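Quick heads-up: it's one chain on its own, the form deposited without the named molecule, in C-alpha cells.
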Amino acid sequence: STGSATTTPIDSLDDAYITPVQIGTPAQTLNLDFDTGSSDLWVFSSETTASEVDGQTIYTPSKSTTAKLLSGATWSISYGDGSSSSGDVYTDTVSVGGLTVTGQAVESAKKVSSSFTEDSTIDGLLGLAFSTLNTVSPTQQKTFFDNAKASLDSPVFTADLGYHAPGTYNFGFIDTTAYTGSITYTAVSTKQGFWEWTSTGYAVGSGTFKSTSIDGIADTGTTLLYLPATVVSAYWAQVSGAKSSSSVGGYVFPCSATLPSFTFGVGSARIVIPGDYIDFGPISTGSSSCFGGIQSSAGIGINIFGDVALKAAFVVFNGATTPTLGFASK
C-alpha cells in the first residue's frame, strides 16, 4: 500500500504545516501537524476542556463506530517550545492520503496548553519519530508509520514541504519526479528516539563550505533551523544590522535586508536554503525588525533541522530495519 497527502502551511510565514487525516467511521477529517520530532497522534476532541477549544475541529469518538476506548490508557506530552497536552486514548481507524491503519491509538486531549488553543488551524499532531518516544501509559503505543510499515510497498515516508506553498507527505514510495539529482542517504541514530543524523557542514551565502560535524534531528514539527551558536553567528554576521536580541528571543534583522542563503551538508551533497526561507517577518505587527529563521540551539541541548531546512529538500525517512535519512534538492 501507499498514501499521499498534501500538506499546507498554516499561515503566510510557514509557521507549521497541516495535513488532513481521516479518523473514525464515518470519517472525521482533522488537520494535523505531522511531526517527525514526536511520536504521539493526539487530537482536539469532544473531551477537550471547552474553554481550551477555540476554532479547532474536534474528534468525537462516540460518533465513530470503530472507536474503542483503550482502557486505563492516558497520555501527557510537553514539547520543546513549552507547549503541552494530555488526555486519554482510543483506538480507531486512521487514514492518511488513502493509506489506512486500523487500531491506531488516537490520543484524545482533555487538556491543551494555551498555544494550542490559540492556534485554530491545528487540530492535533501526528507523530512520526520513533515509537519509543510515545507517551501513552501504561502501555506505550505505536506511531501511524510504525503501524503502517509492514503494509507499505517500501518502509518509508517522505516529506516535501513547500515554501509559502503546499507540499506533500508520501507513505510507502519515493516519488522520483519530486526531486532533482539524486537522494543522498545518511546514517541515523535512533538512540534518543529521533531522526537524528550528522550534517557534514555548512556554507553562508556564496562563502566556502566549512566541513564540520553537526549532529541534529530532522524535525518537521519545528519551524526554524536551530544550530550551534558559532554557525548561527557566522550566518547573521553576513546580514547588516542583524543582532541577537534576548528581549525578542533570538536573532533579529532589518526587514529591509536581503538575506544570504545557507547551505548544509548531507554527506558529500549540499542542500541550499534560499535566503528568503530564513525571513519570518516582523517581530510584531508593523515592526521593521524581522525575526530570523536560523537561530541558536544553545540551551535547547540539540540541533534541529526544522522546516526552514527541510523545506529546501525532498526528505526520505527510511524506516528500514536500519533507519536512514535521505535528502535531495528539488
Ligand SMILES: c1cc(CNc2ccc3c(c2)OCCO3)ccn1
Second form
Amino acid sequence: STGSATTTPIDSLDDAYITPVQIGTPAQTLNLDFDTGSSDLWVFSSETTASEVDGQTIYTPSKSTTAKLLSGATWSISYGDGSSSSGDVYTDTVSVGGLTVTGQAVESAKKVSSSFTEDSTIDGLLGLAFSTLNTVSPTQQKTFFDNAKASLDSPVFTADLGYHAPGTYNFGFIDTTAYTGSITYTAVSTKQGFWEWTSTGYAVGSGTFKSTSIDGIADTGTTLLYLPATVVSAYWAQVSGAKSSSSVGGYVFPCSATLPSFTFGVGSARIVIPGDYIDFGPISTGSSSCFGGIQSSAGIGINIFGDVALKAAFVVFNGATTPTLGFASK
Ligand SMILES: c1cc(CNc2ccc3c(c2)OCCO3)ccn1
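Instead of the form deposited without the named molecule shown above, give the structure for the form solved in complex with the named molecule, please.
Now the complete complex, all chains and molecules, led by this one.
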C-alpha cells in the first residue's frame, strides 16, 4: 500500500505545516502537524478542557464506531519550546492520504498548554520519530508509520515541504518526479529516538565549503535551523547589522537586508537553502528588525535540521531494518 497527502503551511511564514488526517468511523478529519521529532499522535478532542480549546477541530471518540478506550493508558509530552499536552488514549482507524491503519493509538488531549490553544490551525500532532519516544504509559504505543510499515510497498516516507506553498508527505514510495538529480543517503542513529544524522559541513552564500561533521536531527516539527554557535555566527556575520538579541531570543537582522544562502552537506552532496528561506519577518508587527531562520543550538543540546533546511530538499525517511535518511535537491 501507499499514501499521499498534501501538507500546507499554517501561515505566511511557514511556521508549521498541517496535513489532513482521517480518524474514526465515520471519518473525522483533523489537520495535524506531522512531526519527525516526536512519536505521539495526539489530538484535540471532546475531552479537552473547554477553556483550552479555541477554534480547533476536535476528535469525538463517542461519535466513532471503531473507537475503543485503551484502558488505563495515559500520555504526557513536552516539546523543546516548552509546550505540552496530556490525556488518555483510544485506538481507532486512522488514514493518511488513502493509507489506512487500524488499531492506531489516538492520544486524546485532556490538557494542552497555551501555545496549542492559541494556534487554531493545528488540531494535534502526528509523530514520525521512532516509537521508543512514544509517551504512552504503561504500555508504549507505535507511531502511524511503524504500524503501517509492513503494509507499505517500501518501508519509507518522504517529506517534500514547500516554501510559502503546499508540499507533500508520501508513504511507501519515492516519487521520482518530485526531485532533481539523485538522492544522497546518509546514516542514521536511532539511539536518541530521532532521525539523527551527521552533516558533512556548510557554506555561507558563495563562500567556500567548510568540511566539518555536524550531528543533528531531521525535524519537520521544528520551524528553524538550529546549528552550533560557530556556524551561526559565521552566517550572520555576512549580513550587515545582524546581531544576537537576548531580548528577542536569537539573531535578528535589518528587514532591509538581502540574506545570503546557506549550504549544508549530505555526504558529498550539497543542499542549498536560498536566503529568502531564512527570513522570518518582523519581530513584531511594523518592526524593521526581522527574525532569522538560522539560530544557535547552544543550550538546546542538539542541532536541529528543521523546516528551514528540510523544505530546501526532498527528504526520504527510510525505515528499513537499518534506517537511513536521503536528501535530494528539487
Ligand atoms: C513539536 C511540537 C511543537 C509544539 N509547539 C508548536 C507547534 C507549532 C507551532 C508552534 C509551536 O509555534 C509556531 C507555530 O507553529 C514544537 C516542536 N515540535
